[PDB]
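Enquirer: Residues per chain are reported as follows:
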Amino acid sequence: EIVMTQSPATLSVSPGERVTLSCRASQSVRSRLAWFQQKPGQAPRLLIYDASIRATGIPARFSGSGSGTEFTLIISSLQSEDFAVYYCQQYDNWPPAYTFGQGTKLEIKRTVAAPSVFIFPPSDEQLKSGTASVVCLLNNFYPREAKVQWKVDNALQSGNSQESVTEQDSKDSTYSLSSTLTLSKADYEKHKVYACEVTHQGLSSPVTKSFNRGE
Amino acid sequence: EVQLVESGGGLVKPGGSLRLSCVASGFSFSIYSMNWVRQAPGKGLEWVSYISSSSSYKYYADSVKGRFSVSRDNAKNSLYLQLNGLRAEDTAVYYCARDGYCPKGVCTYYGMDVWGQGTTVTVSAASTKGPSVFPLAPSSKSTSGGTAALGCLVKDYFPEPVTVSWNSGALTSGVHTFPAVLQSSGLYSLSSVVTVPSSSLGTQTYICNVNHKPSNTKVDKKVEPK
Numbered sequence: 001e002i003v004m005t006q007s008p009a010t011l012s013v014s015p016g017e018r019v020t021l022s023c024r025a026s027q028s029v030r031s032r033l034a035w036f037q038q039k040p041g042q043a044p045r046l047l048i049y050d051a052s053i054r055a056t057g058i059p060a061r062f063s064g065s066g067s068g069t070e071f072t073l074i075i076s077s078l079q080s081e082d083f084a085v086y087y088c089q090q091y092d093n094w095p096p097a098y099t100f101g102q103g104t105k106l107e108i109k110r111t112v113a114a115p116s117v118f119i120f121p122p123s124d125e126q127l128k129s130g131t132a133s134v135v136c137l138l139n140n141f142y143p144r145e146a147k148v149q150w151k152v153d154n155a156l157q158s159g160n161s162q163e164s165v166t167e168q169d170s171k172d173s174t175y176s177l178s179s180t181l182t183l184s185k186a187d188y189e190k191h192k193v194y195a196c197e198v199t200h201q202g203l204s205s206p207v208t209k210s211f212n213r214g215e
Numbered sequence: 001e002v003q004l005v006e007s008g009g010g011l012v013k014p015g016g017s018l019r020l021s022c023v024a025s026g027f028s029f030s031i032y033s034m035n036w037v038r039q040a041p042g043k044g045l046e047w048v049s050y051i052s053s054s055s056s057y058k059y060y061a062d063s064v065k066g067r068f069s070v071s072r073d074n075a076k077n078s079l080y081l082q083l084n085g086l087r088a089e090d091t092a093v094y095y096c097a098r099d100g101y102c103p104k105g106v107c108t109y110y111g112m113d114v115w116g117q118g119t120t121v122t123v124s125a126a127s128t129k130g131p132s133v134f135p136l137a138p139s140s141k142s143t144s145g146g147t148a149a150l151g152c153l154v155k156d157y158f159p160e161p162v163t164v165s166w167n168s169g170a171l172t173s174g175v176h177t178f179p180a181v182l183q184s185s186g187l188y189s190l191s192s193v194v195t196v197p198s199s200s201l202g203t204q205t206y207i208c209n210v211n212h213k214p215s216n217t218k219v220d221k222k223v224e225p226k
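Chains as they are written, first to last, in the authors' numbering: chain L, 1 to 215; chain H, 1 to 226.
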């Protein structure tokens with residue numbers, strides 16, 4: 001199979017600037033290269049086919065170029081409705097074997113905002129059920145890259161947390177992030193100190209929020 | 001208008017079968033090649049299947065070959081995908097897409113310009129289950145500046161989705177409802193948080209309203225300071 005590579009996978013851009021998205025193929029696909037735009041919860045939208053031809057109804061600020069293995073999508077002046085994910089796709093040899101790139105997401109550039117960290121112990125209503133969940137909230141930060149480390153009695157946790165991150169907020173373009181440490185009831189009662197440690201670009205040092213089980 | 005419309009997706013037990021259908025209107029369907037493209041949750045697009053206009057050639061991605069079967073019926077303007085041996089990695093939004101234009105057999109590609117809205121296939125051994133709603137109670141561990149954070153943990157429900165409001169819609173400022181995560185149990189779980197002024201906790205009552213329309217679950221959970 002032909003491997004399409006879209007590097008970088010994210011670009012932080014502002015309205016009005018010229019943005020360039022890159023596409024690389026593992027072998028020559030000539031000009032048989034298409035570009036799609038996708039917004040969350042919506043079907044993909046054809047932007048470009050045959051490497052450089054604009055699809056029907058596509059505004060002139062989108063333009064494709066390149067050949068063989070190297071391809072480029074240019075938005076000459078970015079508009080606010082252009083923030084989406086962009087996929088390239090080859091369709092070269094006859095027995096179809098169509099493949100897509102993994103996507104390049106355009107995100108709104110803003111100033112660095114440090115997260116506000118909040119930790120939530122399990123509720124007694126949940127504790128009676130036989131499962132305990134600790135929630136670490138990282139609120140209104142930018143950029144997207146943040147690390148949450150869990151420590152249970154000052155020992156690093158592995159494989160028992162799940163993370164979830166909002167889209168960019170429609171007002172301030174920040175992100176929020178939850179980390180849920182999920183433990184069995186017995187394991188939760190066996191330890192005292194529960195902590196999440198947050199490292200982010202807007203923090204000068206790691207932020208730790210902790211509690212001792214049973215306040 | 002040119003139109004593609006899918007349906008047929010839903011909940012399937014692992015190793016089960018499901019048949020998706022995509023009906024076309026507004027164009028000459030019998031002269032176009034047709035594609036099936038799917039998208040895993042949080043992942044990128046993956047091409048699955050091709051069928052020529054004449055039904056003469058049917059081709060598949062290796063991840064689905066031998067398990068899936070594409071077909072079409074040009075009389076009813078219909079495209080079909082039979083999915084067998086379904087696995088949890090086959091859980092996706094499935095789209096039908098228009099392919100090459102072949103008047104009189106002479107094909108020209110022009111791109112996948114017309115797509116359907118997508119039909120969702122969820123492969124799980126889980127059953128329909130209403131959520132448990134637990135409070136994320138504000139405390140000194142969630143009060144920092146002059147701002148408290150509080151929330152609701154909407155845990156162990158199937159299938160998607162749930163809706164969460166705060167104070168029956170009166171509270172929208174500073175509300176963040178997270179995307180659902182898929183737990184190892186096969187059940188979904190999310191959190192909804194809100195930041196309020198910390199000096200509001202003794203006087204303002206905060207209630208999260210969780211609604212799960214697939215089951216018959218409507219919960220109002222009071223979130224009180226700890």
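Source of the hints: derived by calculation from the structure; they are not laboratory data. Careful: at least some of the hints might be erroneous.
[Said to hold, decoys possible] Below, in silico cross-link-like pairs of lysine to any residue (SDA-like), each with a Cα-Cα straight-line distance of 20 Å or less:
#, chain 1, residue 1, chain 2, residue 2
1, L, 209, H, 88
2, H, 141, L, 154
3, L, 128, L, 215
4, H, 43, H, 88
Enquirer: Can you confirm whether the C-alpha distance between residue 209 of chain L and residue 88 of chain H stays at or below 20 Å?
Expert: violated (36 Å)
Enquirer: Are residue 128 of chain L and residue 215 of chain L close enough, with their CA atoms no more than 20 Å apart?
Expert: Answer holds: residue 128 of chain L to residue 215 of chain L is near 17 Å, not above 20 Å.
Enquirer: Hey, residue 43 of chain H versus residue 88 of chain H, does the alpha-carbon distance stay inside 20 Å?
Expert: holds (14 Å)
Enquirer: Quick one, are residue 141 of chain H and residue 154 of chain L close enough, alpha carbons at most 20 Å?
Expert: The hint holds at about 18 Å.
Checked against the numbered hints given earlier, the structure breaks only hint 1 and satisfies all the rest.
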